[PDB]
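Chemist: Build the full structure now, drawing on both the sequences and the hints.
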Amino acid sequence: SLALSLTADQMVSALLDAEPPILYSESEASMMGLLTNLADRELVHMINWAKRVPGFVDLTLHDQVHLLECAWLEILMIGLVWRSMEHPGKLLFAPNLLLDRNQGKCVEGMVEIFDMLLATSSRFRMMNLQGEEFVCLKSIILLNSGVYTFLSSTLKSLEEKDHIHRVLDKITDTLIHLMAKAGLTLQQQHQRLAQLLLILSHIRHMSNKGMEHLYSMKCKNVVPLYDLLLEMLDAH
Amino acid sequence: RXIXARXXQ
Ligand SMILES: C[C@]12CC[C@@H]3c4ccc(O)cc4CC[C@H]3[C@@H]1CC[C@@H]2O
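Each protein sequence line maps, in turn, to chains A and B.
Residue 168 in the numbering used here sits at position 168 of the first sequence, with consecutive numbering throughout.
Here the numbering used here = 1-based position in the second sequence + 236.
Among these hints, one or two may not hold up.
[Stated by the list, open to error] In silico SDA-like cross-links for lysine to any residue, where the CA-CA straight-line distance does not exceed 20 Å:
#1 A:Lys51 with B:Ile239
#2 A:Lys170 with A:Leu4
#3 A:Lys170 with A:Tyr148
#4 A:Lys51 with A:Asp40
#5 A:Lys51 with B:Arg242
#6 A:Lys209 with A:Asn221
#7 A:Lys105 with A:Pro88
#8 A:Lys218 with A:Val111
#9 A:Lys51 with B:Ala241
#10 A:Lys220 with A:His236
#11 A:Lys218 with B:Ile239
#12 A:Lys161 with A:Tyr148
#13 A:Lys90 with A:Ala119
#14 A:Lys218 with A:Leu233
#15 A:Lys51 with B:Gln245
These aren't lab readings, by the way, just hints derived from the structure by calculation.
Modeler: Structure follows, in structure tokens:
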């Protein structure tokens with residue numbers, strides 16, 4: 001229940017405190033070798049960030065896991081694209097790794113995904129996303145991706161299901177509270193809320209192509225065996 | 237049956 005009392009200030013704080021650290025990085029095989037290794041490495045501070053997201057541990061060891069397996073690629077890119085946002089034309093995978101559009105065509109079908117990634121960064125940019133807004137979005141995305149792929153047969157996962165909506169609702173207030181600060185009309189405010197929320201869906205789409213692409217590169221044995229990353233795959 | 241399962245806990 002703790003998740004539901006905190007306020008738009010109280011909230012946007014914890015979503016800030018939980019923020020993962022900027023992780024530095026380290027043929028088609030190699031390119032993919034590269035983002036896999038960062039991807040695998042981010043994939044731990046993601047877990048760690050998930051736990052410190054209000055309402056999550058409130059979730060269930062099984063639901064926690066399933067939201068993550070559902071959303072992991074989505075969060076990587078929402079974050080990817082955000083990092084990438086002041087770098088028009090580029091994907092700031094790490095600081096020490098500022099990949100470009102055409103560098104996406106070192107991998108089969110990769111450029112197009114990039115192409116999607118970049119456009120959202122554009123969007124987020126030209127829309128002027130703010131960190132608070134973003135931390136918000138990121139959590140929303142974590143909470144809403146696996147929400148409607150649960151095993152809704154146990155009345156314990158029917159508590160769980162409606163919990164998430166409550167949180168998710170709170171989060172949207174937070175966002176609201178946030179947007180009210182900027183000083184937009186209530187039109188422009190929810191004109192906004194609709195702004196972001198849609199993007200998310202383009203992010204699901206992107207995560208999905210992305211998840212297929214990853215799985216294929218697995219097939220060609222062109223991705224290293226990053227145990228954690230690989231097991232993120234093997235739940236789709 | 238896991239790293240995800242052990243890091244999350
Ligand atoms: C998942 C891919 C490797 C990991 C990449 C990554 C790696 C790190 C990161 O912070 C974000 C992303 C989004 C794009 C991802 C790629 C899209 C296709 C490829 O499989």
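Chemist: Straight-line Cα separation of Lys209 (chain A) and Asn221 (chain A) no greater than 20 Å?
Modeler: 18 Å, holds
Chemist: Going straight from one Cα to the other, do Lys218 (chain A) and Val111 (chain A) come out at no more than 20 Å?
Modeler: The hint holds at about 17 Å.
Chemist: Does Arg242 (chain B) sit within 20 Å of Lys51 (chain A), going by the straight-line distance between their CA atoms?
Modeler: Satisfied, since the Cα-Cα distance of roughly 12 Å is no more than 20 Å.
Chemist: So if I understand the rule, the pair passes when the alpha-carbon distance is 20 Å or less; does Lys105 (chain A) with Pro88 (chain A) pass?
Modeler: At roughly 18 Å apart (the allowed maximum being 20 Å), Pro88 (chain A) and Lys105 (chain A) satisfy the hint.
Chemist: Mind checking the alpha carbons of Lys90 (chain A) and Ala119 (chain A) for me, to see if they're no more than 20 Å apart?
Modeler: 10 Å, holds
Chemist: Is the Cα-Cα distance between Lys51 (chain A) and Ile239 (chain B) 20 Å or less?
Modeler: Roughly 15 Å between the alpha carbons, so the hint for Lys51 (chain A) and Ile239 (chain B) holds.
Chemist: Need the status of pair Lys170 (chain A), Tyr148 (chain A): alpha-carbon distance at most 20 Å?
Modeler: 19 Å, holds
Chemist: Tell me if the straight-line CA distance from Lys51 (chain A) to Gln245 (chain B) falls inside 20 Å.
Modeler: Distance ~10 Å between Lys51 (chain A) and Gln245 (chain B) Cα, so the pair holds.
Chemist: Would the pair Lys51 (chain A) and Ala241 (chain B) pass a check requiring their Cα atoms to be no farther apart than 20 Å?
Modeler: 12 Å, holds
Chemist: Check whether the Cα positions of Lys161 (chain A) and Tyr148 (chain A) lie no farther apart than 20 Å.
Modeler: 8 Å, holds
Chemist: Are the Cα atoms of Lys218 (chain A) and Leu233 (chain A) separated by 20 Å or less?
Modeler: Roughly 9 Å between the alpha carbons, so the hint for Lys218 (chain A) and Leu233 (chain A) holds.
Chemist: Keeping to a limit of 20 Å between CA atoms, is the pair of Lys220 (chain A) and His236 (chain A) held or broken?
Modeler: The hint holds at about 17 Å.
Checked against the numbered hints listed earlier, the structure breaks none of them; every hint is satisfied.
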